[PDB]
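*Asks:* The lines below spell out each chain.
6 protein chains.
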Amino acid sequence: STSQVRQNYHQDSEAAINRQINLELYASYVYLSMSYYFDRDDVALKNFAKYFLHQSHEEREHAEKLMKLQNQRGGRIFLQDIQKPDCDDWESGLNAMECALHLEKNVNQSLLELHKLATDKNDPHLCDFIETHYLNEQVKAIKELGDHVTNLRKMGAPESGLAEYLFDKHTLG
Amino acid sequence: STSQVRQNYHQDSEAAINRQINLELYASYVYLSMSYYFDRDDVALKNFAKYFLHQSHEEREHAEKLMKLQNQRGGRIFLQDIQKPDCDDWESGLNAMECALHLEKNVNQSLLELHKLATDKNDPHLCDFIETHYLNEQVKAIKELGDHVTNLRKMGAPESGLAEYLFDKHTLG
Amino acid sequence: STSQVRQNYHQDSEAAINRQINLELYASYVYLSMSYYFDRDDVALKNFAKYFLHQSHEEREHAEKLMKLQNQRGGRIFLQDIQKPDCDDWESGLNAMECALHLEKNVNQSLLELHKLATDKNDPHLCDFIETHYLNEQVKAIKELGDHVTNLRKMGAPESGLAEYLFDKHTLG
Amino acid sequence: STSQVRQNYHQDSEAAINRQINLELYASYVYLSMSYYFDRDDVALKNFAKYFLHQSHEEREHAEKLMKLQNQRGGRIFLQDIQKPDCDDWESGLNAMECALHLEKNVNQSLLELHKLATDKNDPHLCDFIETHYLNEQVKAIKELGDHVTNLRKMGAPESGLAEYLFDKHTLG
Amino acid sequence: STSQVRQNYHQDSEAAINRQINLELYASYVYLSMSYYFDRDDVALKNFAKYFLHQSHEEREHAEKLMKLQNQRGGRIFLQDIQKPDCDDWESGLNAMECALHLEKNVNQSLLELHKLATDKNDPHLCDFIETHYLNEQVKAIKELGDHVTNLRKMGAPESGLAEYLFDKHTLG
Amino acid sequence: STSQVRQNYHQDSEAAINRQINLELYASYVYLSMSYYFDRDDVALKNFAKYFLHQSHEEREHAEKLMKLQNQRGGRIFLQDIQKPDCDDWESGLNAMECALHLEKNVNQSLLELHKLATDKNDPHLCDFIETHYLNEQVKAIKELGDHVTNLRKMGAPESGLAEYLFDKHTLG
Ligand code: NA
Ligand code: NA
Ligand code: NA
Ligand code: NA
Ligand code: NA
Ligand code: NA
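Protein chains in written order, with the entry's author numbering: chain E, 4 to 176; chain W, 4 to 176; chain Y, 4 to 176; chain 1, 4 to 176; chain F, 4 to 176; chain r, 4 to 176.
It is possible that some hints are incorrect.
It does not matter which identical chain is used: a pair holds within one copy or between any two.
Keeping only pairs whose Cα atoms sit at most 30 Å apart, straight-line, the calculated DSBU-like set for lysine-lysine is [unchecked claim]:
id	residue 1	residue 2
1	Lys68	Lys157
2	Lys108	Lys146
3	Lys71	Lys49
4	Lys71	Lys108
5	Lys49	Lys119
6	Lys53	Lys119
7	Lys143	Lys124
8	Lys124	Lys157
9	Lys71	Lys172
10	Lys172	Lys49
11	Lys157	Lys49
12	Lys68	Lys172
13	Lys71	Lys157
14	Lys124	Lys53
15	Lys87	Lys53
16	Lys108	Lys53
What the hints contain is simulated information worked out from the structure, not anything from laboratory work.
Using the sequences provided together with the hints, build the complete structure.
*Replies:* Now the structure itself:
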């Protein structure tokens with residue numbers, strides 16, 4: 004049953020990777036939902052839509068890299084259902100950016116737990132993988148989303164509809 | 004509540020589109036699963052892996068086009084959970100191609116039902132959308148998968164391991 | 004006696020680096036041996052020969068990078084005899100790939116021990132060096148060799164002489 | 004008061020980053036001082052001057068990267084006075100290179116303490132940042148300065164004025 | 004003790020140049036502080052950040068040119084501590100621009116005093132240096148900052164958060 | 004047991020080739036050792052290091068050409084341990100060049116014995132191989148090393164540290 008390639012790869016690490024795959028796929032689905040909210044005729048913020056669609060595709064790439072890792076290490080991928088997002092209607096550009104920030108911080112927390120597990124199981128390859136490919140990407144994403152939230156709030160969103168319009172044009176365009 | 008853009012778009016059509024979105028996303032997940040099966044060190048068929056990953060990405064594009072349609076017509080997207088695929092281990096190149104063929108025929112059946120609904124609701128735009136973007140793509144996919152299954156069977160798959168190897172190289176490479 | 008550059012570099016780490024240098028040079032010699040086995044007129048698998056010669060040269064580069072590290076840190080290189088490989092005749096493409104896989108896993112185990120030592124001696128530079136330059140390279144090598152072994156076995160090697168021929172052409176060519 | 008972006012970032016880490024910023028800015032000032040010493044009409048070693056000015060600019064870049072990190076993590080930058088360098092007159096090319104080596108080793112020691120703190124506070128992002136951007140740069144700098152000191156000493160500096168002249172031309176030019 | 008190059012260069016002029024070096028380095032530090040304030044996640048004005056960072060680098064260049072002058076004339080550079088800026092938190096784009104304007108006027112006043120000293124000591128080279136390299140640069144800087152302050156005030160800064168956003172985009176971008 | 008290709012290839016010749024392979028690999032290891040001696044922070048002669056590393060790689064190529072010959076003729080390669088070099092510390096550029104000259108003359112003597120054996124066994128192909136690929140290369144190498152030794156001695160090495168520095172720059176650079 005043990006893979007010919009497997010070396011220094013704990014069952015707990017393998018399980019945590021499978022959980023992370025699901026979380027990344029979930030995040031991709033959330034961003035997809037947000038994207039198409041902004042594409043609605045009654046919302047009509049094209050650059051918000053583009054921004055979130057890009058994020059969706061990036062999360063899918065992150066999931067696929069974890070799947071690749073699992074196989075590289077001789078673990079076995081077990082997929083689970085991808086839960087639907089928490090909202091159908093994301094309310095506003097500001098509300099979506101705030102929800103994105105919350106999601107990114109949740110993903111980051113999971114990655115930090117995975118890193119801790121890798122370190123505890125003396126799996127330096129896995130720890131390095133997470134550091135190299137995931138942790139700075141998350142810090143950057145969180146900082147960007149925080150910047151966006153700050154700007155939208157300062158401009159008068161979400162009650163000032165001119166604010167979201169201009170942010171869409173000048174920041175996200 | 005009715006969208007400013009909505010015209011000649013039945014509630015039943017809107018609901019059927021939402022179901023089709025889920026089915027396309029499901030198909031994408033199935034193909035993703037198959038892809039990474041072929042990437043396993045104990046399977047190691049890189050061009051099978053590439054083939055299925057391409058299919059996964061294509062299905063996601065199909066889902067996104069339906070989401071775009073929903074918004075174009077003034078319907079509202081309601082996402083559902085994406086169910087996990089039926090298998091974790093796809094057994095062989097031949098078995099995966101057979102499962103893909105079955106999936107594609109199921110997707111095609113759903114599209115034919117959607118077309119019938121559009122025609123019944125006198126929605127020519129929707130009927131044309133399905134014909135133009137979906138039905139020939141499905142016929143082509145089904146024909147290709149059938150061709151692949153035929154070739155693999157004729158070559159001696161899945162018991163002849165040389166067969167899958169050579170198919171991977173010469174057909175899928 | 005202490006180098007002007009030396010800082011946070013334990014004697015145990017210095018000794019472990021010297022051992023690793025020898026192991027890399029040994030691995031280079033093994034791969035060289037395998038290469039020229041495949042060049043024999045009674046074996047005659049040119050792409051196996053090329054594959055192993057490339058690996059030989061890569062291992063030598065790995066050894067030289069460790070020598071560079073030793074000097075960068077102010078340690079002192081002490082070379083030892085390079086032991087001859089365990090075989091003169093490597094039997095088959097499959098047997099050589101299996102022996103390579105075993106060797107790579109042994110090298111990886113040594114690197115993981117070196118990383119553990121670096122972490123225990125609070126030498127983050129050394130730990131990072133190993134992670135950055137060695138550990139993912141080893142995981143990739145192990146995965147590749149496992150893939151090769153799987154394919155050769157599935158094709159009917161080493162009793163099916165057509166298998167090795169075709170693998171040589173299509174995978175290694 | 005807590006930043007919206009802040010996650011897994013200890014107050015002690017934030018404080019240590021602020022100290023490191025000051026130390027990098029200090030090092031920049033030292034190198035600036037050395038540069039302009041070599042530009043004196045009674046010293047007149049242009050390539051020594053260029054070498055140290057480059058180092059000055061590099062240290063400033065290092066400080067700015069730490070400031071960027073502080074903000075990325077949601078810490079708050081607190082600047083302090085930049086102390087004047089220990090010397091106004093650096094005596095000789097050899098003496099300056101020796102002083103530079105001492106400075107670089109002091110900076111490295113501070114970075115190693117920061118890495119230890121990050122590891123103790125289970126802050127893998129910060130630890131990785133230091134490893135990736137700072138620790139190998141310091142090892143390289145220390146090795147280069149040691150090489151320069153060795154060459155100058157071997158050539159007969161600082162009593163052989165021809166030595167510094169020729170080193171300036173052939174090594175630093 | 005007197006430099007071989009020294010001619011018509013008064014001790015008072017030499018001392019004033021040393022003071023000016025410190026003031027330029029101080030101004031560089033102020034602008035650096037302002038830059039990174041605008042990079043905060045709770046401020047998030049990237050083009051303000053860029054503007055001030057550019058100014059920081061320009062002030063450092065100004066300091067280095069004075070150091071070059073000192074050596075050209077046979078004076079001796081004596082560096083002093085670089086005092087920390089007066090604020091850690093610069094409040095707003097408008098407040099920072101106002102603080103910059105005040106700083107630039109203070110630097111200009113010091114340069115005008117230096118010019119007066121040069122003229123009083125019959126040092127035409129020094130007077131010309133200041134006129135050529137410093138005085139028009141200061142007048143231009145002051146005019147630019149005044150223009151920026153006027154525009155920000157007219158737009159409704161700092162209470163109108165849309166004002167700073169749009170200024171950042173359209174003037175500073 | 005006799006190779007299908009073997010013709011006019013004496014067992015004594017086959018054995019001598021195996022010995023020569025080992026000697027070339029030994030020489031490669033010696034040069035590698037010397038290279039990294041010059042890379043030490045307390046030696047710091049980069050062009051000496053480069054020179055010897057080049058020689059190391061050339062000797063490995065020479066060994067591989069002999070391995071190719073062995074297989075071309077239907078002999079069988081038998082590898083032996085590669086002995087460690089006689090020194091860990093090579094003392095000086097001059098001492099290393101003198102040791103290299105001694106090594107090259109020893110290698111040449113072995114090649115001349117191999118040529119004599121080939122001629123005695125009426126093996127013109129082998130004799131021609133040695134003449135064409137080895138003997139002029141050795142004469143050239145010996146002449147070059149002798150030239151280097153002469154120049155270093157004339158310049159005042161190894162007691163004049165300026166000599167080795169300048170030789171490193173002007174001859175080896
Ligand atoms: Na992600
Ligand atoms: Na589809
Ligand atoms: Na290696
Ligand atoms: Na630095
Ligand atoms: Na200035
Ligand atoms: Na040779």
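*Asks:* With reference to the structure, classify each hint as holding or not holding.
*Replies:* How the hints compare with the structure:
1. In this assembly of identical chains, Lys68 and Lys157 lie within 30 Å of each other by CA distance solely across copies; the values are 27 Å between and 37 Å within a copy.
2. Only within a single protomer do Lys108 and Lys146 lie at most 30 Å apart by alpha-carbon distance; the minimum there is 10 Å, versus 33 Å between protomers.
3. For the identical chains of this complex, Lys71 and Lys49 are inter-copy neighbours only, at 12 Å across copies versus 33 Å inside a copy, given an alpha-carbon limit of 30 Å.
4. Proximity of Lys71 to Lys108 under the C-alpha cut-off of 30 Å is found in both arrangements, the shortest distances being 24 Å within a copy and 19 Å between copies.
5. Proximity of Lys49 and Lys119 under a CA criterion of 30 Å is satisfied in neither setting, with 40 Å inside one chain copy and 33 Å between copies.
6. In the homo-oligomer, the alpha carbons of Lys53 and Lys119 never lie at most 30 Å apart, since the shortest distance is 35 Å inside one protomer and 33 Å across protomers.
7. For the identical chains of this complex, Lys143 and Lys124 are neighbours both inside a copy (27 Å) and across copies (21 Å), given an alpha-carbon limit of 30 Å.
8. In this assembly of identical chains, the alpha carbons of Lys124 and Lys157 never lie at most 30 Å apart, being 46 Å within a copy and 34 Å across copies at closest.
9. Taking the closest pair of Cα atoms, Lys71 and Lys172 come within 30 Å of each other only across two copies (21 Å); inside a single copy the shortest separation is 37 Å, beyond that limit.
10. In this assembly of identical chains, the alpha carbons of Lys172 and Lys49 lie at most 30 Å apart whether taken from the same copy (9 Å) or from different copies (16 Å).
11. Proximity of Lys157 to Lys49 under the C-alpha cut-off of 30 Å is found in both arrangements, the shortest distances being 21 Å within a copy and 14 Å between copies.
12. With identical chains, the CA atoms of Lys68 and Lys172 are at most 30 Å apart between copies only, with a shortest distance of 24 Å across copies and 33 Å within one.
13. Only between protomers do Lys71 and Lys157 lie at most 30 Å apart by alpha-carbon distance; the minimum there is 22 Å, versus 42 Å within a single protomer.
14. Proximity of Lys124 to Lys53 under the C-alpha cut-off of 30 Å is found in neither arrangement, the shortest distances being 40 Å within a copy and 33 Å between copies.
15. Taking the shortest Cα distances, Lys87 and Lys53 sit within 30 Å of each other both inside one copy (20 Å) and across copies (28 Å).
16. Taking the closest pair of Cα atoms, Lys108 and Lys53 come within 30 Å of each other both inside a single copy (21 Å) and across two copies (28 Å).
Violated hints, in rising order: 5, 6, 8 and 14; the structure is consistent with all others.
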